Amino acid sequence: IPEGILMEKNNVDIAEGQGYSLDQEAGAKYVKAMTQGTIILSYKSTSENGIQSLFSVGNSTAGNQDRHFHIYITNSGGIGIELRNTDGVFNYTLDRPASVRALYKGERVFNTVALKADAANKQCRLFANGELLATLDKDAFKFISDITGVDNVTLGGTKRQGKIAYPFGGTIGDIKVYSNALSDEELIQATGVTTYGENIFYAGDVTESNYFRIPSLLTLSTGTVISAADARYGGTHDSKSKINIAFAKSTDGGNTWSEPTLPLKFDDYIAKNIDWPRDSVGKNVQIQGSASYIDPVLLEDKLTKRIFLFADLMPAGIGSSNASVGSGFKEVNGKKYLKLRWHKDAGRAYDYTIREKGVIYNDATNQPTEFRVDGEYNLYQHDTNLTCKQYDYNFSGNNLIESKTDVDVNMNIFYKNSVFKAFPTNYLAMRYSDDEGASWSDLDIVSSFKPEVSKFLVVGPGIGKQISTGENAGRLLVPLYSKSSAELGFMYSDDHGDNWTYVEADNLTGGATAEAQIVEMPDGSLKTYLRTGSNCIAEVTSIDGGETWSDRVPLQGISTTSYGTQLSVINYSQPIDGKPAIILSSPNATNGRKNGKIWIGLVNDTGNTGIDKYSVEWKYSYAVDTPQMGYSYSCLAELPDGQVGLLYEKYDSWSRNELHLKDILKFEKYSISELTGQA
């Protein structure tokens, strides 16, 4: 077979279920016998068929339905290949969910994909839209030449017993089939021709994390747009892992973003780019003894121009699921202090406290020890910083080995190997900045108020809210949720963030994930929209600056799942259709986190007093992509121009089949014209 392009076809429209024969192409005889090679194609799918073959080569005869090779896409954005010659001979498969998309800003768009079958390296690699998606290594390398009785080369389907299976519908922009294995670099460039939206954080940036999750986006009063997200190092698992909070800002209306920083991070475990296994066994494994920060909330005090970053602080090996019930604080002399356990004492003997100026006290004797903690909660003994060996983590088969290295890091009270350990429950941490992230204040653990009866009290990720008018104008609020005497809760500050007060919003003890976001009504009253464990998004109203809240009321007309998903709801500065408006983002499917939509709700004044004064008409909905396309957590922001920015997870973060995916946190912008269908 010749060196180079064996076949090339451009602009082929394929009617759903019909396919397209490439058997009369001059090079079909070569394609039907490839020992290795590269296939690159640009396509636009207009079909909702579940599995759609883009290109295939195989045996179409009776009883030979398992003898073929094909590159396919799914209506949910997955992409993969199957190289088969019946299961007893070989069945090589490779895929990666949420790799491609179907629609962008109201129109079906082209995607560029590529498969490289590299005989020399006994390796197969899939690429899509400028990204290397997956790799398959096989000692017994196989390709088309190994399929028995190949009799066809087809576009838009796979011939199985004379029928077109995995029917594609749409257009094949171009397809090139090479006999040689092109370089990854060529394929990255080749497929990178089609990209939609942009990335703020990405695998390869200075955060050193391969994964990201939980978006936070906010436009400051100065015009600067800031963002934050979980930098998830050990795959995409929720805490009881190694996770830091990343931060970035844009000073050009969301066009370009600065080099990311890590304002909230721990160093007990090294921050490194690592490929987390996605096989049925390894995908479930997570880092066991690392401390972490998870779920960011951004907020600005428009009077002082100060910004705040909040996140859950998880001690080594802790996640909400295994957090100990308690506050993590002890009251001495009528004041609450963080409790500490001396590593040589009994497992549950927290006989010390961190008092004023970080001095650690022996509660029994009520005398200071020779230890203290600085503003970072790192330990000192007689003015010398204590240190401990940093951990590294690597997979040895399906086992994740967490081993010490020779690297010394400052010993923090939240580390597994600290001489003084904090109580194993979760904490609420925050830092402030008066220079838009150039520098941040010391670590402020504001959860002294954590109910002693609570298992966990965490934040509702996204952004906080400052009341702009009325009796409580200036008050800062951050949404919370817990497994306690209350589920939904809030923490507010009337002194510009210096001190915070906890508020129970209900009396629910089930501990469901009541993540919520807050919007302000024209008179300064507040409406909070939250996820529930029912099949609806709930709404609660406050008429006293967030101190008391009405009972949950279902948000009629916006579908969701039983387990639910975090949502984003924000105020918009200009009226829409002449009325005050709020904007909401959330996946709209009743099962699976998919079919993300942006809704616009118009505020109406019924003139009634209190709780029933305002009614929101959810008049517009905007589908971001096709129904099966993944969409999980998100955060909206009104950009300096009239646009609405959107930082979100373009995949199903609930699915156990879509864990540990890189490049899923996307940033997109929409005008009100588009959102309202005006275009």
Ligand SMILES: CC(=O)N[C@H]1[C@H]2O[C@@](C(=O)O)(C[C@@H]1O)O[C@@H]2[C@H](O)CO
Second form
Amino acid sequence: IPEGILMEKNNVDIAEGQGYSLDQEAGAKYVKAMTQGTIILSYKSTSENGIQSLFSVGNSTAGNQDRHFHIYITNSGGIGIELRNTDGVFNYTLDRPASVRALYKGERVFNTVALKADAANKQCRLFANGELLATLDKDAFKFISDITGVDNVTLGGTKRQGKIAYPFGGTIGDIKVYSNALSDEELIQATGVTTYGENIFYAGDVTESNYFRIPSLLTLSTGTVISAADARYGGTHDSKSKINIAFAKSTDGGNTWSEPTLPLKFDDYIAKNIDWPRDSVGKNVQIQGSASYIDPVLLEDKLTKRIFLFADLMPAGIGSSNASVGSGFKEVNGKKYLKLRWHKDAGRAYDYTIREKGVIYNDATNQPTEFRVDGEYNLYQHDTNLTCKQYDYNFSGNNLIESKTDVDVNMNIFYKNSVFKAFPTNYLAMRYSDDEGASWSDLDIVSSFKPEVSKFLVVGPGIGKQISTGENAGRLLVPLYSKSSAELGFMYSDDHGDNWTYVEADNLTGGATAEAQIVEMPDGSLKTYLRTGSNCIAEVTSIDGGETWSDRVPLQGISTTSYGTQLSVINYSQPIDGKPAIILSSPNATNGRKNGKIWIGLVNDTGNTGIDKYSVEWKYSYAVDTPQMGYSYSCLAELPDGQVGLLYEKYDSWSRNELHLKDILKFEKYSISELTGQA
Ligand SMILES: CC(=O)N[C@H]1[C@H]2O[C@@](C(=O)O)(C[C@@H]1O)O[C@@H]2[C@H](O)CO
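The structure above corresponds to the form solved without this ligand; please provide the structure of the form deposited with this ligand bound.
First the chain shown before, then all remaining chains and molecules of the complex.
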């Protein structure tokens, strides 16, 4: 077998189910006997077939259907390989979901992938569109030379008992088969020739996080575009994990982004890039004793130009599912104060409170102690900053070991080893900035209003909303949801963010994940669209600046799942078809978070008054990709030019098979012309 390129072919159109024979190529005899090597190919799929082999080498005869090697893609964007010679001999597989795409801006696009079979290192590696997707290590390294009775080299399918299996339909732009193992660097470069959309946050940036979720995107009145997202360190797991909130901005209309910062973060557990296991056992494991921030909301007060960042604050080892019922506050002298438990007291004995100037008081004696906290909630004893050891987390087999290191960090009331511990429920935190993220204010825990009967009261991620007209012009609103007397809720401020008031929008006690986003009508009234626990997106209306809301009404015509997915709905500044317009983003499948679509809803005045004054006609829908392509949480923003920016999760964030995937948070831009089918 010679060194280098054994075979190369360009521009091969493959009719679905027909495949293409490469048996007559000069190097077929070499390819049929490869001991190792590299395969790189550019392709465009025009087929909806579930599994589509791009390239394969194997035995096509009767009874030998499990003897073959193939690189395939799925209609849902997955990519992988299967190296087989019947299960008793070997069956090596490697794959990674949501690695490739099918359509972009209404047209089928090319993806570039590569498989590297490194005999020297006994390792197999998959790449696609500039990324190293997965790695398989095997003591008993195997390749094509190990398959019994190879008799064919095929493009667009795998020959099994004389039939074309895993049928591809489309075009193989180029394929190159090397006998040598090219370097990862060469493959990153080679496959990187085709990329769509861009990343704001990514594995390898200064956040030190390998994973990101929950996008927030907002264009400021100054023209600057800002963004935030969960920087999920311990895989893509929801809280009761180690998660910080990342932030970045663009001053050129969303073309390039700044080095990300971490405005909301905890230091009890170290922030580091770690590859979380994706096997059936390890994938379910999550960090047990870390404090975290989760689900960001960005908001701008156009009057003061101040920006705010909100997120849920989870004490050590807490998430929505295991939060304790209670406000986390205690009322003394008529004022609500954060309550604390001295570590040496009884398990449920919260006999202290954080009062004015962070001074900690003994509630029984009503006397101040020698302790206090600063604007970051870090402990001080007699003016000396208290510290404790930071934890590290590593996998030992399928077990996650969380252990102390020798690194000292400031002792915070939300840390598991703090001498004074906060009540284990969730909190609502925020910081403001007057210089577009150059600096942020002290930590402001605004959840003093959390109902004492509530398990959790959290934010609806995305952006908040400021009323532009009417009697409540200037009011700031942030959507919330909870497990208590009400599900949907809101917090609003009439003094530009200094103080907040909580509003219950319904009397539902089920605690469903009612994530919502707010949009303003021409007269200043508001319409809130939300995810529900039923098979539809609901709409509620307010005619009093968000103080009271109408009953939920199904959003007719926009399909969704029973469990639901967060949505993004925004106001657009210019009319579309001569009418005020709103734009909505959400996955459209009735099962699985896939088939994302951007809808344009035209606001019509019905002629009625009050809650029934307006009616939204969802006139246009725009499919972001093909039906099976993953699409989960998202956030829309009108950019300074006419365009609509979209930061979204390009994978199924619900699926137990698509957890812990890197670089799935993408940023794309669309013109109204494109969105309305006009092109
Ligand atoms: C505070 C919090 O846990 N937010 C979560 C919830 O929504 C998501 C989801 O993808 O559906 C992701 C969010 O980050 O999973 C959670 C679950 O649904 C319970 O609401």
